[PDB]
Amino acid sequence: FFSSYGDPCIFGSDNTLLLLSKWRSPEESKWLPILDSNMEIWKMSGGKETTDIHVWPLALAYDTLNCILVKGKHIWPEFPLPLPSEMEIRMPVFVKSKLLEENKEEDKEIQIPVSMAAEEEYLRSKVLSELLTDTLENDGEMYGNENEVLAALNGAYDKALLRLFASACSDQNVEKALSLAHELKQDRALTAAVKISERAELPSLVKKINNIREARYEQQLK
Amino acid sequence: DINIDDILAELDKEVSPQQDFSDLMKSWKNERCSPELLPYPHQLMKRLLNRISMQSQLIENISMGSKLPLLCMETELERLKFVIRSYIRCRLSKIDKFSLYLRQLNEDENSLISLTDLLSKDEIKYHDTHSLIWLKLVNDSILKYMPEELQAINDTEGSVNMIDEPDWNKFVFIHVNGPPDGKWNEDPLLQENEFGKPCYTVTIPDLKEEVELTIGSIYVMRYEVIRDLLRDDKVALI
Amino acid sequence: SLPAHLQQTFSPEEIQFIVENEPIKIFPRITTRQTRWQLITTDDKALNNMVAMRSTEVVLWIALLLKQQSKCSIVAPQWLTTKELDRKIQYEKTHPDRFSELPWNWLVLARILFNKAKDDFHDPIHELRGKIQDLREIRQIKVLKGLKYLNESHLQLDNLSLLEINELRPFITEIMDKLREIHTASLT
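Residue numbers (PDB author numbering), protein chains in the order written: chain H, 688 to 791, 810 to 927; chain F, 2 to 15, 54 to 104, 122 to 294; chain D, 2 to 35, 48 to 201.
Careful, some of the hints might be misleading.
If you want a taste of the chain D side facing chain F, the calculated C-beta under 7 Å gives, among others [stated by the list, open to error]:
#1 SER2
#2 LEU3
#3 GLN35
#4 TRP50
#5 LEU52
#6 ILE53
#7 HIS167
#8 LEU168
#9 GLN169
#10 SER174
#11 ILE178
#12 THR186
#13 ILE188
#14 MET189
Calculated from the structure, these hints are not laboratory results. Backbone N, C-alpha and C fix where the C-beta goes; we use that ideal spot for every residue, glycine too.
Build out the structure end to end from the sequences listed, making use of the hints.
See below:
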């Protein structure tokens with residue numbers, strides 16, 4: 688089906704959701720895997736193989752899948768129609784064995818490293834913002850407020866990057882921390898990165914961030 | 002490893056009609072259970088009654104101008137009026153039972169609180185005139201015949217005290233809220249138990265004993281022991 | 002002035018009225034987003062800005078008012094499912110004095126939703142009606158043990174529901190008051 692904003696979408700026999708991005712530009716058009724249902728049920732079950740559960744998709748509403756959760760022999764629903772469910776998309780980044788090791810009441814959903822969570826958020830924020838931006842660039846707003854969602858996505862993006870940056874600084878990897886600092890947008894975040902560098906006791910990184918902030922301030926003045 | 006949750010918090014951060060009804064529910068529930076007559080909310084009632092009048096006129100104007125929004129508005133106004141009706145009837149019932157006590161409290165020139173602080177103007181009118189009606193009935197019927205030593209109606213000195221007053225030691229159910237703003241670090245009474253929630257401590261003086269009132273646990277407690285914390289909204293009656 | 006049966010306590014009707022002010026999650030079948050509701054005891058924005066099949070949160074009395082007609086569907090609370098109720102029964106059996114941590118309105122809300130919203134559950138309703146009963150029976154055993162500690166000073170209770178407290182209120186308070194009178198009379 689088409690998304691709630693006309694993007695082409697399809698659900699595979701592997702039970703994965705695929706979306707076509709950049710279709711307006713043939714040298715940039717590309718297929719993106721945006722959600723694996725099996726990985727969600729695996730986490731939801733506490734890392735277990737409840738193959739008795741199946742997902743029946745209905746439609747895509749912005750970032751959320753409308754679907755029926757079917758149980759038993761036959762992998763499709765019956766009458767009278769059961770009520771639908773709602774589920775968010777998330778990027779495929781995780782590993783079962785690593786998450787089991789990190790994890791190690811019996812069905813409790815598995816706990817995840819903050820690094821994976823922040824990384825997945827930054828990727829998801831980036832993809833969502835780009836798709837929304839393309840929609841606005843070509844077709845505009847339907848309702849008059851979607852720019853506010855885009856602003857929220859940009860805030861989430863910098864926030865996720867700051868956590869990853871702070872991890873790199875705490876590891877004293879100035880090279881990786883500096884490379885991450887290039888990807889931050891607002892000078893609020895760069896100022897926070899300076900404070901983070903001070904807590905990490907990296908005056909070299911404070912210096913180089915302030916060089917970047919001065920360079921970007923010049924670019925903002927230009 | 003380096004913490005930044007506070008850096009993220011400071012980076013990230015850069054009266055209403057809803058609230059009045061919650062206060063009304065609070066007042067109603069506390070008034071029902073407590074043994075004494077609690078002080079009237081003078082400001083809240085003024086604002087609520089004005090709002091009721093305006094909403095009534097709005098409903099009439101829209102009616103004279122889909123059905124479902126009108127249904128919601130009408131039944132909401134019914135739900136609001138019921139609470140106030142119940143609350144005022146309860147307060148008048150308390151005034152019936154403690155009339156001589158309230159009059160004696162007012163006559164005491166050294167009293168720490170005036171009767172007009174405690175009661176509304178309508179309640180003052182009811183108390184005053186009802187006392188005269190009851191007084192006239194017994195004065196003519198019974199007391200006209202008694203000798204002069206026994207003609208007083210509010211006698212304290214007789215072999216039985218003629219004035220009733222609240223039972224300050226009545227048992228009541230309570231639920232411990234803590235300070236309303238979530239300012240656990242600012243409340244001076246709120247100490248801490250070992251490896252757990254904060255708590256308050258109270259002394260029960262007949263027994264010379266102490267108890268710890270943890271946040272969130274329910275208790276059956278004497279009224280006077282918890283009166284101050286109730287006045288400060290640290291606890292709420294169940 | 003006030004009736005005799007309302008001097009010290011709340012009737013079950015008032016308990017239902019109190020519970021009805023809580024929020025609940027719904028799926029609307031119509032869009033209201035661009048008259049307006051103009052309520053005075055709640056938020057007004059949520060009802061004015063509904064979109065069909067978009068989840069939103071409203072007070073329970075309006076939710077039941079909508080569900081009376083086709084325009085709405087109610088999402089069950091997450092504790093009201095077979096898995097969670099199984100775990101709570103196991104907690105009840107495991108700890109023979111503590112009460113399990115169910116919400117303060119569990120009985121009232123279950124017996125409202127089973128009547129007004131029997132069609133919107135995912136689990137089979139004839140199993141939920143059994144597990145609710147099992148929980149109430151076990152809790153009643155634990156209550157009957159506790160009434161041997163009525164005393165002159167105080168008592169502590171935890172996770173006991175509002176309706177369960179209100180059921181017992183006139184007994185506990187009366188017997189406790191008389192024990193207090195007997196004790197203090199000997200001091201004076």
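Hints, one by one, checked against the model:
1. Checking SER2 (chain D) against chain F: minimum C-beta separation of about 4 Å stays under 7 Å; hint holds.
2. About 4 Å separates the beta-carbon of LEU3 (chain D) from the nearest beta-carbon of chain F, less than 7 Å, and the hint is met.
3. Taking 7 Å as the C-beta cut-off, the interface hint given for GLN35 (chain D) is violated, the closest approach to chain F being about 14 Å.
4. Given the 7 Å rule on beta carbons, the hint for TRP50 (chain D) holds: about 5 Å separates it from the nearest Cβ of chain F.
5. Satisfaction of the interface hint for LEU52 (chain D) is found here, the shortest Cβ-Cβ separation to chain F being roughly 6 Å, below the 7 Å cut-off.
6. The criterion of a C-beta within 7 Å of any C-beta in chain F is met by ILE53 (chain D), whose closest approach is roughly 5 Å, and the hint holds.
7. A distance limit of 7 Å between C-beta atoms decides the matter here; for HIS167 (chain D) the minimum to chain F is near 6 Å, and the interface restraint holds.
8. Satisfaction of the interface hint for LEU168 (chain D) is found here, the shortest Cβ-Cβ separation to chain F being roughly 4 Å, below the 7 Å cut-off.
9. At about 6 Å, the closest approach between the beta carbon of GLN169 (chain D) and any beta carbon in chain F falls short of 7 Å, and the interface hint on this residue holds.
10. For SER174 (chain D), the interface hint is violated, since its Cβ never comes within 7 Å of a Cβ in chain F; the closest pair sits about 10 Å apart.
11. The interface hint given for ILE178 (chain D) holds, since its Cβ lies 6 Å from the closest Cβ of chain F, which is under the 7 Å cut-off.
12. Taking 7 Å as the C-beta contact cut-off toward chain F, the hint placing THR186 (chain D) at the interface holds, the least distance being around 5 Å.
13. The beta carbon of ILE188 (chain D) is not positioned within 7 Å of any beta carbon in chain F (closest approach about 10 Å), and the interface hint is therefore violated.
14. Hint on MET189 (chain D) holds. Least Cβ distance to chain F is approximately 5 Å, under the 7 Å limit.
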